[PDB]
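Participant: One letter stands for each residue in the lines below.
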Amino acid sequence: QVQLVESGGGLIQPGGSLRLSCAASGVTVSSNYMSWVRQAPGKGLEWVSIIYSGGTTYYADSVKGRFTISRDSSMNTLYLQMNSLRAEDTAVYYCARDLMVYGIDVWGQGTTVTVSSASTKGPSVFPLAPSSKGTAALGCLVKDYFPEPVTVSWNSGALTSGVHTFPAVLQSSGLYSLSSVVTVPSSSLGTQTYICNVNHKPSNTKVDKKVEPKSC
Amino acid sequence: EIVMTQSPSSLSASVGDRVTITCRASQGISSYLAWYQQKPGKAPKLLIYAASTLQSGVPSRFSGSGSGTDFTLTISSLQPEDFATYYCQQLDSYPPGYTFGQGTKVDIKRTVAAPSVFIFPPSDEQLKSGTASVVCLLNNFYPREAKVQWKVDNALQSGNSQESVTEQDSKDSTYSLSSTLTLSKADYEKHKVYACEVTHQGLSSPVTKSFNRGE
Amino acid sequence: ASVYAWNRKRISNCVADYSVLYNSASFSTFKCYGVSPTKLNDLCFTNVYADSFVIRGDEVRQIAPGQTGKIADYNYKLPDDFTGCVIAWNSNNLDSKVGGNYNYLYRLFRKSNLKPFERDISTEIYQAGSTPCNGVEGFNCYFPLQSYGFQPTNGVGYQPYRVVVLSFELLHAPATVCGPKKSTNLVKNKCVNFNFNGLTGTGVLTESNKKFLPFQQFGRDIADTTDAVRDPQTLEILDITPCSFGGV
Amino acid sequence: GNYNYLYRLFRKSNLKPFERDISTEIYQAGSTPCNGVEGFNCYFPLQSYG
Ligand SMILES: *[C@@H]1O[C@H](CO)[C@@H](O)[C@H](O)[C@H]1NC(C)=O
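Residue numbers (the authors' numbering), protein chains in the order written: chain H, 1 to 133, 138 to 220; chain L, 1 to 215; chain B, 348 to 595; chain A, 447 to 496.
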């Protein structure tokens, strides 16, 4: 069993502190080049830190003087101590065994770090009404919630064909937004009710919104 | 500093195709290069190390070649489990850090499909709050490349919109895209004609959907 | 030499002309710790050590006191209190081949850092995991050495540099390495302040009449006073008559 | 690292008692005249403390 298992991630306000663990089996952490690599949403892998088997450590410029890599030989575990956290530290954090010229061959499953001043908030659910003008589109706008995730269904699961729930985007305000759409026959807009079901466990919010043709 | 230039940003491939991905070092790095595979939500998987050596356990259809500045990855016969993102890494660089290529997404090839475009006005409920969201929908299209332009009273709007794309549909291999235009209620009520203009390979000429505020 | 197997030449019992070194336009790195380069020619040491090897350009900065990295930790380590000079120059025209020069190797895997001036030439398989290796390579079982493979098209950071580390050791034993300590011309029949081989004084040097033995250097009068000297370069004996003086 | 505190590293001769030297003339460590241009064997006499 050669694997790396990360833990310790979570949601934390800026300026807080967070300690990540990386438990290894098979690989001996203190006998290897061990790195921390992170990946921000939609961005590329960014190296954070590395500790040599002999004890030498290095850090990315962006984390110098705030992060500290370490290890416990008795626990065969790698650690990353993250102080003075900032919003732009938000990413999934991987631990990895580096073989230099032989590449990076063992990666963990990743732990997620989210740094934000945003207050937990349930979403507003607004209708995206089908236009008056063979098939019509309608949906729901799930705006201004935090943190991730929300799930959306239609007619309590009875409407699944043609449903597209988009990945959420982060707004300048630090809250998430998201839309769920479905395409349906124009001929049904008067005889078939469409309700979207929005669930956001962090805020204990379940909202059902009926989407109707708009009345000019 | 050494720069890695990877191309293309995306390619489309059917199962059985020969795929080729290219990586260019801004100066000679000899054989100090590695190739990885990564799928949405998963960690990277090492494929080739030292430019041309096959990592243990990686299928033999993967192969790397090149030394100096120009490097290629090669998938001799693309399998269903090979649809992923791929990128190169300069090995043992200085200053410390991992320089990765920009990445190549390998999606499922299919016939061209033009999007269905729908525009949605802000709801009356939302307008009561102070913010107007305008949403433009691009439904079931292929390929992924698509350009959406918002126009407000024929003024091309940039800087106040965000886009979201789904993953390739597991049944018809299309994409769907949404675009959300956010305005203050006060600004929104200063203009009449709201439109998104969509250009796409499947459309002979840009398709525009619009509404007039209050109609 | 390959950096892991760096070469060491022990230099003793000789005169060192350092003018050849510091006045050279052909070195790209030349950093001295604990000694001034120009002011080395008037110093004696008991031993000089010359360590030489090849590394990457990006690694040249690791040949210094208090540095870290694969070379300083696992290949060549200077002490924190280093008294010597590190000299380096680009040798891409020499130590790279078009197919890649794989003759130069470095240690890539080692459990702990080298002590200063330690030289590890072991080839034991490196146990990166829990189960042992027993000389068999494989996963978690890695040959400790790796090759640079210098190609001439490499950027400077990957091109080979030759490095020579001069260490200057001073023990409680007779010194055998000193610097040139040149001399000048000599003038006669004029009051001069003179410094012959080990003695110094003031006086007038004149052509002598004595017959010194082949091994005699310094004369001596009856009252334990220097009287004549043997010129170190010219095999001529010079009488030392103290410069004229008297009461006024 | 505070580097506002400096120390002179080179000088053509030792200071006399209570002598003060604040000149920034380029020290010529080699045989090549510097002509006020820093470079190889042409150093700024001051160096910052770490
Ligand atoms: C010393 O060198 C000079 C020329 O540099 C030469 O004329 C003289 O004979 C030499 N003396 C001895 C003892 O070799």
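Each hint should be verified, as a subset may be incorrect.
[To be verified] Calculated cross-link-like contacts (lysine-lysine; reagent style BS3-like; alpha-carbon spacing at most 25 Å):
| # | chain 1 | residue 1 | chain 2 | residue 2 |
| --- | --- | --- | --- | --- |
| 1 | H | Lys218 | L | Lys190 |
| 2 | B | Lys386 | A | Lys462 |
| 3 | B | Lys386 | A | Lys458 |
| 4 | L | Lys171 | H | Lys133 |
| 5 | H | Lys218 | L | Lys192 |
| 6 | H | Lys214 | L | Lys147 |
| 7 | L | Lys151 | H | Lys133 |
| 8 | H | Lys43 | L | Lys147 |
| 9 | L | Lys190 | H | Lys210 |
| 10 | H | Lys133 | H | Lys218 |
| 11 | H | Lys133 | L | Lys45 |
Treat the hints as calculated values from the structure; they're not laboratory data.
Participant: Would you pick out the hints that fail for this structure and give their numbers low to high?
Facilitator: 4, 6, 9 and 11
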